[PDB]
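Starting from the known structure of chain S, fit chains F, H, G, Z, R, A, C and E onto it as the hints suggest.
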Amino acid sequence: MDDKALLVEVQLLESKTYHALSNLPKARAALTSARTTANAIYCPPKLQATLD
Amino acid sequence: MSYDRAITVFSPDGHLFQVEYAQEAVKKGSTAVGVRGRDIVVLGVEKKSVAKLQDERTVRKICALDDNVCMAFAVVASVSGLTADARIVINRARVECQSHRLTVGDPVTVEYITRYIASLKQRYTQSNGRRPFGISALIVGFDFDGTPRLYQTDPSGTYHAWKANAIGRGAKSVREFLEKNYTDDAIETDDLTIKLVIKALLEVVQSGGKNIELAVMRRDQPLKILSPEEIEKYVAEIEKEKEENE
Amino acid sequence: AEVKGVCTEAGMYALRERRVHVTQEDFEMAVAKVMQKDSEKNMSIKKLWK
Amino acid sequence: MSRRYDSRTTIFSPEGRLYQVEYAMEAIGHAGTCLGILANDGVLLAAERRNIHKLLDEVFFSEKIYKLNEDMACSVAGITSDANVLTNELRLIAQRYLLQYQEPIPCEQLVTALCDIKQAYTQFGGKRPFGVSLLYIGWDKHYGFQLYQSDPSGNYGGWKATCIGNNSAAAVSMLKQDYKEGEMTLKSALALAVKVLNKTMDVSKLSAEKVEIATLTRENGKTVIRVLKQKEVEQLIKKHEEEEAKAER
Amino acid sequence: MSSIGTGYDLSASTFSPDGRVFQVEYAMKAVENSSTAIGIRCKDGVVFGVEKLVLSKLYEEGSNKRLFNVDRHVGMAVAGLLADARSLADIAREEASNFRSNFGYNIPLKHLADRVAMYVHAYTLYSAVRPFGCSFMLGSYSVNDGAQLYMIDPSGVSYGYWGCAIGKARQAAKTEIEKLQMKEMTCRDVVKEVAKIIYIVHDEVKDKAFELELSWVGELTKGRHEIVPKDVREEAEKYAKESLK
Amino acid sequence: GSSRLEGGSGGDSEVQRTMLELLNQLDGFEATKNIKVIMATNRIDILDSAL
Amino acid sequence: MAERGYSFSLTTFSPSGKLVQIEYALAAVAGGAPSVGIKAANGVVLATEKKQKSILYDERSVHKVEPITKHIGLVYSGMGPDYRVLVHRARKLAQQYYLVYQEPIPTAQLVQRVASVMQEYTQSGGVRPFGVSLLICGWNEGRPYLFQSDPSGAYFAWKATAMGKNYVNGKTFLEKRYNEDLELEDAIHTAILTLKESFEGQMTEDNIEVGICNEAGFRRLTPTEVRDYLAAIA
Amino acid sequence: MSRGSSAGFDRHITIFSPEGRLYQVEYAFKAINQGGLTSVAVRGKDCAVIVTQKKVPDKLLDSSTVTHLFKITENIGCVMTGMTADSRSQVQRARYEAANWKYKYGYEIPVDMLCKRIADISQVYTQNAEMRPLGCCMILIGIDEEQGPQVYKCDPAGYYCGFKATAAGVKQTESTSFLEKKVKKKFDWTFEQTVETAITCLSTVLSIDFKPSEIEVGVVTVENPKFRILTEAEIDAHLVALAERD
Amino acid sequence: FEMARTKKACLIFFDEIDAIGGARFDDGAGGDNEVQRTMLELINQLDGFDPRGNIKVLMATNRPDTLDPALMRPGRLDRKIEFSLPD
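Line order of the protein sequences matches chains S, F, H, G, Z, R, A, C and E.
The authors' numbering numbers the first residue of the first sequence as 160 and each following residue consecutively.
The authors' numbering numbers the first residue of the second sequence as 1 and each following residue consecutively.
The authors' numbering numbers the first residue of the third sequence as 357 and each following residue consecutively.
The authors' numbering numbers the first residue of the fourth sequence as 1 and each following residue consecutively.
The authors' numbering numbers the first residue of the fifth sequence as 1 and each following residue consecutively.
The authors' numbering numbers the first residue of the sixth sequence as 255 and each following residue consecutively.
The authors' numbering numbers the first residue of the seventh sequence as 1 and each following residue consecutively.
The authors' numbering numbers the first residue of the eighth sequence as 1 and each following residue consecutively.
The authors' numbering numbers the first residue of the ninth sequence as 261 and each following residue consecutively.
If we strip away everything but chain S, and leave its shape as in the complex, we get:
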């Protein structure tokens, strides 16, 4: 399922964690991945605000 807000949320949380470890390629890759699934117009305004 990528046609959902919920998938965006996991990917964002993960990108924050790899960043802290200083697993920098991982955090970067995960951050683009969250934005790709965020594009869906099934996501409500708030989810978009947190994503920025």
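What the hints contain is simulated information worked out from the structure, not anything from laboratory work.
Mixed in with the good hints, there may be bad ones.
[Claimed, not checked] Capping the alpha-carbon separation at 30 Å, the derived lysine-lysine pairs in BS3-like fashion look like this: (1) H:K397 <-> S:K163; (2) A:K171 <-> H:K393; (3) Z:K230 <-> Z:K65.
The following block gives chains F, H, G, Z, R, A, C and E in isolation, referenced to the frame of chain S:
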């Protein structure tokens, strides 16, 4: 019923439209020839459009109304077989033949069937929201007498007896060649009558024994529809006779 | 038209990220954005352009 | 009022055709491949299954393979709508004949009863003709194995091999080219039918979701009517598919 | 519109975006063409006054009459086309006759009026037939239901009136009723009034010439619908003539 | 022009059918042709008898 | 009370070879309320929008979601009056069957019966076809069943289907959200989501009706139960 | 073509348009507006109420037998809005069916059974191209046994549905939206309260401002088994309270 | 019509009006407007407040079914004669 919308309404030309539309559809094609013999009457249609992959045994374009009455039909278009249209006339005529034989102990004559065709076309005319069939039928059969007869009907419902007639693709052209072939010997010898039907069919377009189907009736005995294998042998023998006279 | 729409959508992303070269990341977001247009074309059973 | 609205499509044309039957004739052609081939131990029908999704219930045996009797089966080319009323009526007629005669009904006897009804609509009444043309397959005692085709006014023709639907000219010519009047057995007969369906149809490898093939086979003196299942169909697809592969070389 | 070959006046199943039905309306314009028939409810009966159209010079009484007896105690005055009126007389008389047979009491006008109206209304709905080209009044006296006046138009409405007019002059004629107190008033005095209204309203181009026919159904006739005596007609005629001068 | 199409098999097909007729026989330029008339359509319904 | 009826040709084939009336009837159902049917294989669930756009409608006994008989129900989309006669007619066939067999009519059998009616309306003149698409549900003879019958008189078999506005998107959302070999609970959840993907926005429990079908029977739940479900879905 | 299907048949007879729904059917809803009658019905827990014009136009028209509140039968009564010709016709058909039901079936008739039965009939009329979709709309009151007092309205289109509040007539849309504000700012329905709500909606919308002889109110009460018109006495007592309301 | 009246003896033979003479209606796309226009003009000068001048009129129609009630009454159609299929 609820449908009473006009399909036929009378013309100042002194005709019924459908009947005339039907009559030209037998001018333009589906050669059906019949000759009357002296023991046996034979009718033949050319085209079942056997393209060498179709079945020949079960296809009927000559249908036995009775065991002493048979008809061969024609009317064509782009919708080439109007077998459906025929199939109604065939089923109602079949019961009526049998019915006439239950009531009246004489075997039903072709003259009864011909009046019955004239009334079916007409009845469809008078009834609201209804239209005449396009068929023309060559009604063959045997009377009380046991005399062979060939009668021909038109899409209006007018009938005449005729010794030999051809209809389709120039009714008059096929009949005037065939007119020479109708001689006293030809009508007497039964075998020569079978050839006369086939010999006419060949004038319009030549060859094919599968395209040609003909059914034979002898006395009051049941209809026998001939194998195509019997036809092929017969067209080959007809073609040589043409070279002999000429 | 849709296929070209991938490159075209990519450019919007490169400005946003503030790149000078259209990176791989720009393309990831673009396929998904173009897939949503396709989905709309199909829903409507008519073309998008009018 | 009423006649004016009536487009006079029930009128005869001078040429000797009915406008409606001709317009119905086109409705059959839009629609999918239905072909029947004669074989010498059984007879087979191959019809295009047009119900492909990954969420399908399959509440019916098939939506195009109809078993009309317990000795006849048929396939469809035309419109599903007409096919549903018609298919039911075909069942009462097949079944009543079975009661009286107690022998399998001729394929020819089966097209004719319906024909009256088809003709009735076209000529008068201003009623549409049925949008399907049916290929009936059967075995009856009298002729042995037979295939019959009906058209939108009930015009009938006995055929060894015939095809109606989408790319009807292509399917019938091709089948005419390899096979002419009953040169093959039941085994080979399924492999040609799927092959024809393959070329005609947009998917050029097929699956069992794309094709549905039905057999009617005379075993131990009694007619068995079976819709073959997806499993049996894949075997038949691999046999034709492989035969095509050799052709190229 | 009026010149057309599909729908409008061919049909009546048709609706305009306004909602109108033109055929039912054309039937209404048809009732308008001939002279007026008035029928006035009293608390004791109904009195009719009808113009009876003189269409020739070789007349006899009752010729082209518009006074019918639906039931013994119901009279029916028609206005508009007489062709349609004869068929309507048969249907109304028939519904009443069977009623008397079964129920065994004098047909309530409220019931009879509902049944004929339904019949007119079945035709206005239909595009399969045209609707009647006349409008009629049924008027009656009984002591089992009281004095009742009903009116049925080409549309298929039944509502009770206490004084009604149908025909050409009806908008003028109706006004003269508001002047009169007729709800409470003997049927003897009301005959004098229906006669004077008709004489003044008539003019030589609504119809050439008429014969005055008045009818009783009240305390005087004892609840019988009968035609008025020679005496009654003439005094009511006289009062009409004297008021006309 | 979707209205032209379902109306009687296209007003746009009308223009195509005529141009196709003109192009079938014209002057001495029937022999050589380097001017074609091309149609884009997506239906088979619109197609009249010459097409 | 004098008529013969009219039967006329606008119900015969056009030159295109397709029937003029059927296309228009399919347009009537597209304009309708969206309706999803999902066969769980643990029961059949049917969901529709309760609303008619004014919510001054009493609907505590008037529903869009009606049982035909003990465990077969119809949910519709499209035209309200035409559906009303089809509901009434469908019941009458069910009870006729009920007299003879003792079991209530199968969804497979019932559709053919209904289909004849749809057919008369197309093929004869002076009538017009019904513009209602039907989702027919049942659980009988050991398997739950979902059928579709469109307005022309075709019946199609689906295991998840969507209708009305954005019938196309519903079929794709069903393909995506719902997978095979999931349970009944999962089915109920997915239908309300298909209705979200098929007209979007605000929902109350008087804007939705949900009915569940088992061999226990078809029942349309009370307003409260439907309310709890709403909160689950996004 | 624009401005109706005049080169087409779609407003001439009943058949689906190129746009989906018929012109004719939509047009039937426009015939209601012609009647001049507007009805407002309000559902309570004491009675279900109808308020309609008693209004007479002359001395010559009765008011002792002219009413648009009709007693279909004792428990259930109705109001007709629109065309008067169609209005009577449905009332009689309804009355006969109500007696027949009670006689054969033996079940007492709720609001639903009359409403649904008429609605299915008015579907047949819409469906036939001989008959026309009705010129009137029927708003029924009557006591449902499970629910309580119920107000239903059936469409000339052939649809029935339940209503807590409804309006039909010339100002169909204006009155229903007005009454919507009254539902939203809810009233615990007493006897006097349902009657009051119905009259204020109609008085504001028409902008005549009614008095008690000009309206006639119809109740079917939980202690009245019969249908009764409240007439002027009760209406005036409410009427003054309406001026004091807001 | 004016030109006809001024000259000495005119016969205006209005040739073959089948649908070019048709009864007044409007479709809201163009309507019968243009057709009725000629028709109506001929009515206004003929009857008018001035009568028909020195103008004789002959009408050829195959359809009187189409024509307006104004044309069919006399003052330009005094006698109707059917020249149809012969005896």
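Here is how each hint holds up against the structure:
no., hint, result
1, H:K397 <-> S:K163, "20 Å, holds"
2, A:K171 <-> H:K393, "17 Å, holds"
3, Z:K230 <-> Z:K65, "17 Å, holds"
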